[PDB]
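Q: Using the sequences provided together with the hints, build the complete structure.
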Amino acid sequence: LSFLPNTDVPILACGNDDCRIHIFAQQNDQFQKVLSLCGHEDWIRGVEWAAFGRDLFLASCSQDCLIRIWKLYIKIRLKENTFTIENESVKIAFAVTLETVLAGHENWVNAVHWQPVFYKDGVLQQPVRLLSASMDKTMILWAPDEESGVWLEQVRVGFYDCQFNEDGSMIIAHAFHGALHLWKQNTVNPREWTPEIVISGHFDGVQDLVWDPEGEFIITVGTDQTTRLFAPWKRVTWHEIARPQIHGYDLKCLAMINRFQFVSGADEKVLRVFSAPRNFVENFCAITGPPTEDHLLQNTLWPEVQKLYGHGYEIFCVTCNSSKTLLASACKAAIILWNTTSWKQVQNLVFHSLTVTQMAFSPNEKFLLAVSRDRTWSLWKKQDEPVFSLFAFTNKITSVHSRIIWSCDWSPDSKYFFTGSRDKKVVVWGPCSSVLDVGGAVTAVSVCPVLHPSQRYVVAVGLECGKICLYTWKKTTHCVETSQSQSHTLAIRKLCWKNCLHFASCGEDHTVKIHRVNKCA
Amino acid sequence: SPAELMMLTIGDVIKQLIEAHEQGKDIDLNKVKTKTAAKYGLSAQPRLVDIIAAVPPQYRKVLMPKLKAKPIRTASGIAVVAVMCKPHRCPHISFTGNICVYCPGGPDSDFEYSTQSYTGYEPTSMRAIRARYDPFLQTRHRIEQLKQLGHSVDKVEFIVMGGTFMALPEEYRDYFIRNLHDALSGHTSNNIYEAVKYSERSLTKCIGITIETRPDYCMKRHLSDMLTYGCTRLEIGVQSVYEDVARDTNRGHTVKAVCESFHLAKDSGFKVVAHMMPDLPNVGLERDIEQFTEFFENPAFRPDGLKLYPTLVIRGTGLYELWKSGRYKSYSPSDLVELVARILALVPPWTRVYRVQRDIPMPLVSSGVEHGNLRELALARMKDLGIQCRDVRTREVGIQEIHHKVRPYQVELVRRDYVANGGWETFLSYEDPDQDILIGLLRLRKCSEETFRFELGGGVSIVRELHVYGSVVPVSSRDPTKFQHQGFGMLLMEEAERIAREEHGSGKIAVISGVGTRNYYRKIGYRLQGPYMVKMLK
Amino acid sequence: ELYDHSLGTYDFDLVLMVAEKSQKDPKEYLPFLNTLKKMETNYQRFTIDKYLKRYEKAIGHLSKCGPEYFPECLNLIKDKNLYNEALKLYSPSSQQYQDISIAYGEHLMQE
RNA sequence: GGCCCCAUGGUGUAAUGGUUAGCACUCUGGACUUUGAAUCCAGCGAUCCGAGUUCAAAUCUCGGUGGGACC
Ligand SMILES: CCNC(=O)CCNC(=O)[C@H](O)C(C)(C)COP(=O)(O)OP(=O)(O)OC[C@H]1O[C@@H](n2cnc3c(N)ncnc32)[C@H](O)[C@@H]1OP(=O)(O)O
Ligand SMILES: C[C@H]1O[C@@H](n2cnc3c(N)ncnc32)[C@H](O)[C@@H]1O
Ligand code: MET
Ligand code: SF4
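Protein chains in written order, with the authors' numbering: chain B, 167 to 241, 253 to 335, 344 to 420, 426 to 479, 545 to 587, 594 to 645, 652 to 696, 711 to 757, 767 to 790, 805 to 825; chain C, 10 to 547; chain A, 889 to 999.
Rather than coming from a laboratory, the hints here were simulated on the basis of the structure. Some clues are possibly wrong.
Here are the simulated DSS-like pairs of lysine-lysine, each with C-alpha atoms no more than 30 Å apart in a straight line [stated by the list, open to error]:
id: 1; chain 1: A; residue 1: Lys938; chain 2: C; residue 2: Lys24
id: 2; chain 1: A; residue 1: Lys925; chain 2: B; residue 2: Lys241
id: 3; chain 1: C; residue 1: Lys34; chain 2: A; residue 2: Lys938
id: 4; chain 1: B; residue 1: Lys199; chain 2: A; residue 2: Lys909
id: 5; chain 1: B; residue 1: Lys199; chain 2: C; residue 2: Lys532
id: 6; chain 1: C; residue 1: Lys77; chain 2: A; residue 2: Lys912
id: 7; chain 1: C; residue 1: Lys24; chain 2: A; residue 2: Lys912
id: 8; chain 1: C; residue 1: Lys34; chain 2: A; residue 2: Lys945
id: 9; chain 1: A; residue 1: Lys912; chain 2: C; residue 2: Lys214
With beta-carbon atoms standing in for the labels, derived distance ranges [as the list claims (entries may be wrong)]:
id: 10; chain 1: B; residue 1: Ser325; chain 2: C; residue 2: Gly534; range: 43 to 53 Å
id: 11; chain 1: C; residue 1: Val89; chain 2: B; residue 2: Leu751; range: 56 to 66 Å
id: 12; chain 1: B; residue 1: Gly353; chain 2: C; residue 2: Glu13; range: 31 to 41 Å
id: 13; chain 1: B; residue 1: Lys642; chain 2: C; residue 2: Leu373; range: 46 to 56 Å
id: 14; chain 1: B; residue 1: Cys769; chain 2: C; residue 2: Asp225; range: 49 to 59 Å
id: 15; chain 1: C; residue 1: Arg139; chain 2: B; residue 2: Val770; range: 46 to 56 Å
id: 16; chain 1: A; residue 1: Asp899; chain 2: C; residue 2: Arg487; range: 26 to 36 Å
id: 17; chain 1: C; residue 1: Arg487; chain 2: A; residue 2: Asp892; range: 14 to 24 Å
All residues carry an ideal CB built from backbone N, CA and C; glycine is no exception.
A: Written out as structure tokens, the structure reads:
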């Protein structure tokens with residue numbers, strides 16, 4: 167939008183896909199189609215006004231790989258296009274014509290931004306710095322000169346847009362995907378620029394994450410087929431520091447092994463094991479006692560040590576015991598258990614009929630709960652590689668939930684287990714509590730690592746609509771829930787807690817939120 | 010450094026050739042290449058790719074006519090782009106662990122990354138591997154690489170690789186298709202329909218897609234689904250004309266279902282290309298000859314597109330052990346040459362052959378023929394026998410000129426018709442008979458009494474496809490001499506309309522079209538209806 | 889090519905309309921066009937012909953455009969070997985005629 | 001300053017008084033509607049220059065050109 171010069175009369179220029187521009191004037195309270203510009207031949211990919219004194223210049227970042235600049239003013254030489262507009266019984270005449278044709282890019286031009294005006298201590302200068310962006314990784318800040326009828330280009334350092350600072354010292358742009366680039370000019374040289382740190386994320390959606398036992402770094406995995414590690418940075427602000435691997439297929443399972451070792455699950459019938467390379471370890475210990548955008552992907556790779564098979568289909572869940580002795584995994594109709602050092606089968610269970618959903622190692626390493634998709638659960642008892656004879660189980664009737672279970676968790680002293688399902692039912696276990718319904722579909726559930734001397738057990742419940750309410754149920767209750775600001779917009783995926805308050809919020813909004821509560825509360 | 014020395018030679022060549030252009034002087038590229046290489050102490054010739062890699066645009070505008078490389082990539086008339094799907098599993102395995110007795114490594118067959126019926130060493134395969142099977146990345150990379158050779162991309166088409174496509178979750182395929190369409194449109198979308206509407210007004214001017222399938226997924230539901238994608242041609246895989254062979258090959262279906270699939274698809278209005286599989290177990294040479302003759306003698310099949318793939322025993326399959334047990338034997342190369350030569354003498358004129366032989370890497374096949382080139386050997390053999398073939402690809406202007414340099418002199422019309430799957434097919438063409446060189450073609454028929462699309466109910470004749478061969482001409486450009494904008498299509502349209510009005514005795518003409526091509530028919534007063542362009546006949 | 893022909897047609901307005909669609913920057917040709925417009929009529933003719941390679945018309949115009957430019961014409965018709973053409977432009981009893989005659993007999997007859 | 005030596009494809013090279021300079025690296029094209037690069041096939045490159053001699057000359061002579069070591 168724009169106003170007519172030296173008045174409030176509003177005027178609009180619109181660029182359609184028909185390779186020409188249209189203009190509209192709000193005279194008689196109504197915008198009237200006044201003129202059209204039959205310039206280049208492509209889709210219009212942006213228009214920008216610039217009020218220079220009495221006149222108004224126009225920028226057009228065209229898809230035609232060209233830039234054309236006209237200018238409106240007031241009324253051998255060419256034929257300019259002019260008209261008269263009504264303004265309180267005054268027919269004011271305005272004339273427009275082409276000013277310049279600039280062309281320095283190869284692919285389509287996406288965005289242009291004038292230098293915004295600002296104050297030199299109350300002095301409103303009118304600079305003419307201009308910014309351009311195109312597909313082929315090319316930044317050109319065009320500028321005229323004292324006699325440069327064709328504007329003179331400048332430093333071509335360098344994805345649909347590049348934004349510009351108020352003064353112009355800063356400058357930023359986004360990559361084609363994921364991360365983004367941030368440059369700042371340096372005083373020493375007018376042709377000097379330095380990249381600057383910027384935050385990032387999985388930008389598609391995260392499915393799993395973990396808390397390190399030491400408590401200074403968390404690893405997350407998303408559908409972007411990436412893996413990221415986050416740690417606080419000093420000078426405190428947390429920052430992603432490493433991307434240990436990039437995988438061809440999607441990743442949806444994750445488990446921890448040791449101080450630098452972990453296992454991930456993907457869209458294959460294979461299990462992979464990674465350990466931190468030394469260089470990363472020393473670089474990290476140096477920081478704890545600022546990686547950039549591009550250096551990361553070059554030097555954040557990890558080695559692979561194992562390669563496991565056996566499941567007839569793609570893996571769907573994974574977990575490891577606290578004592579770091581055995582692990583559980585299941586594809587989409595059998596259970597396979599792996600020794601840590603041997604990396605071989607220990608016992609195989611084929612008990613359920615439908616797809617497995619979630620496992621739970623007993624915290625005291627005395628049981629192993631299994632919740633599946635067939636509305637039934639199973640429990641297996643380790644004997645005095653002890654076998655895991657089924658201690659107890661449920662049929663299609665003894666099961667309490669009427670729909671598919673989704674989450675399960677133990678007690679801090681392994682006394683009782685707790686299950687949530689899509690039917691918005693909450694239960695406590711034999712069962713020793715009433716249905717703690719919340720009216721919303723349950724997606725995740727977790728418990729405090731330690732219990733109050735009041736014995737008032739507290740529980741975090743992640744619902745299916747981004748809402749995150751919390752409850753409490755001592756042996757025989768709402769305490770606090772998330773704010774509107776502190777609420778996701780999609781289903782929760784995992785709610786892990788700090789261990790030695806804090807916890808983790810792994811939403812489906814490809815956002816990783818961390819929330820602290822009062823230690824006393 | 011030598012590199013800057015070759016760069017200086019390149020610049021010298023550039024200035025010499027632009028100077029020649031300014032006064033319209035004609036110069037041999039190789040001559041100046043040799044002279045510049047000698048005068049600068051070069052031991053090796055300069056590559057033409059780097060020669061194209063430095064022309065300034067105000068000269069690339071007009072220097073490409075003397076600079077394009079491998080012109081045959083556009084000697085047909087339409088650019089071709091191939092894409093790769095994500096690896097997956099074929100459906101039949103639901104019964105047993107059998108993909109196909111002769112099929113190569115699949116998702117889990119001793120290959121790190123591969124695809125069913127694909128080793129993983131094809132250039133397309135490495136392109137997909139680098140792209141991580143992402144559609145948008147690989148299509149942009151490939152079109153950029155093609156444009157590097159100074160080739161117009163005014164008209165483009167898409168072919169999809171992959172084992173099976175119909176057998177995939179729907180949301181994934183919708184995501185895939187919208188990504189493809191956004192690749193050319195450049196407009197981010199949210200569903201299929203938004204991408205369709207936007208690509209309607211794009212300038213890349215996409216003209217269609219073709220997909221492979223198998224007769225199990227050939228019911229009218231899937232056909233209607235594909236109608237929503239703008240697909241034009243299909244791949245089935247016939248492998249035989251004898252039912253017993255199917256169970257012998259553990260194919261897992263009947264040739265009948267193939268026949269009704271052909272009939273139904275032809276009624277709908279798609280095109281179809283078959284796959285033929287010579288030298289199979291329990292098949293004599295005379296069996297092959299008889300079945301290949303049957304493939305055209307029977308009005309049951311009379312297909313449109315043909316592809317041939319000779320048997321290739323490969324490690325991993327059951328056939329590998331069968332031959333290894335010394336129980337499945339191939340032919341001598343001379344036998345294969347004779348077989349192919351005889352086959353080529355039998356192809357009906359309307360049918361067009363697209364490819365011969367597989368592209369598998371050499372050091373893997375236990376019976377792979379030495380010759381990567383076979384069409385040439387067959388041509389030599391059929392010269393020896395003094396009998397000629399009449400394939401479409403071998404009588405279009407592009408190939409005929411590029412291989413024999415023969416100029417059409419007297420082009421006229423030709424009409425023919427036959428019966429296939431109960432249809433009253435009809436074939437029209439402009440071509441020069443004396444050199445048997447062809448320029449333009451059209452395929453039009455009457456719809457069957459039984460149909461799936463009610464829009465065709467009564468007084469409806471469908472025009473399956475229309476095309477003029479040659480080379481790419483930008484939609485704004487009119488005459489680089491050549492034969493692609495002389496108004497030829499207009500005559501074919503009006504004559505086909507007249508025939509349908511009188512001889513067919515119908516009342517309304519419908520036609521399938523590419524997403525962009527619709528605008529073309531708008532110039533003739535054709536209006537849209539569903540996914541079909543249509544014109545009233547009264 | 890029609891734009892160039894319009895330049896040849898010796899009218900600015902025609903050049904204006906055609907160049908409207910020429911896509912070239914007016915910042916480029918417009919100052920040049922005005923410069924060409926200001927300078928002398930017959931000299932305009934000579935300069936446009938020499939810019940359009942129509943050397944015969946360039947020499948014909950420059951012959952009447954002033955005798956002072958005659959030696960320069962010589963250079964052109966000695967660079968473009970147009971001695972014979974200029975033989976018709978000038979007349980006997982002219983020092984220019986005899987000079988151009990000897991130029992014809994000497995310069996072109998190298999070797 | 002002369003003595004010697006050398007001058008073959010774009011480069012590395014065989015060959016030699018008579019109908020054709022053969023290879024090698026390199027480059028180009030088709031197979032290919034999966035490939036500039038792969039596999040095969042096919043194709044385009046030439047005796048430093050001028051005088052001699054000889055029926056006939058790249059090979060015999062001289063001169064020139066340029067290059068290479070000698071005191
Ligand atoms: C249906 C999907 N398959 C295809 O499209 C195959 C590729 N198609 C083509 O190459 C060409 O469209 C044809 C085979 C029809 C040959 O073109 P043909 O010679 O018949 O066109 P005509 O000479 O009869 O008419 C010329 C007009 O067609 C226009 N035209 C060419 N391509 C297109 C196109 N994709 N869309 C709309 N109009 C087009 C031209 O702009 C021209 O208009 P003009 O008046 O400005 O010159
Ligand atoms: C693409 C066509 O080729 C057949 N096909 C796929 N892989 C092979 C092979 N290794 N050998 C022979 N035929 C094959 C398919 O079955 C289909 O008919
Ligand atoms: C790539 S094999 C041919 C297409 C399909 N897989 C079929 O056999 O039907
Ligand atoms: S259906 Fe086709 S792609 Fe699938 S296993 Fe059989 S031959 Fe291979």
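Q: State for each hint whether it applies.
A: Status of the hints after comparison with the structure:
1. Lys938/A - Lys24/C: Roughly 24 Å separates the two Cα atoms, so the pair holds.
2. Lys925/A - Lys241/B: holds (26 Å)
3. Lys34/C - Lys938/A: This hinted pair holds, its Cα atoms lying about 21 Å apart.
4. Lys199/B - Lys909/A: Roughly 24 Å separates the two Cα atoms, so the pair holds.
5. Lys199/B - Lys532/C: The hint holds at about 28 Å.
6. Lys77/C - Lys912/A: holds (27 Å)
7. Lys24/C - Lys912/A: Holds, at roughly 24 Å.
8. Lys34/C - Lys945/A: OK: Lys34/C and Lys945/A at ~25 Å, within 30 Å.
9. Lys912/A - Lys214/C: holds (28 Å)
10. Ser325/B - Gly534/C: 43 to 53 Å: Holds: the Cβ-Cβ distance is about 52 Å, inside 43 to 53 Å.
11. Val89/C - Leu751/B: 56 to 66 Å: 59 Å Cβ-Cβ, so the 56 to 66 Å window holds.
12. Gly353/B - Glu13/C: 31 to 41 Å: This hint holds: roughly 38 Å between Cβ atoms.
13. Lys642/B - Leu373/C: 46 to 56 Å: With Cβ atoms ~52 Å apart, the hint holds.
14. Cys769/B - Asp225/C: 49 to 59 Å: holds (57 Å)
15. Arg139/C - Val770/B: 46 to 56 Å: holds (50 Å)
16. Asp899/A - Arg487/C: 26 to 36 Å: holds (28 Å)
17. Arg487/C - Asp892/A: 14 to 24 Å: holds (21 Å)
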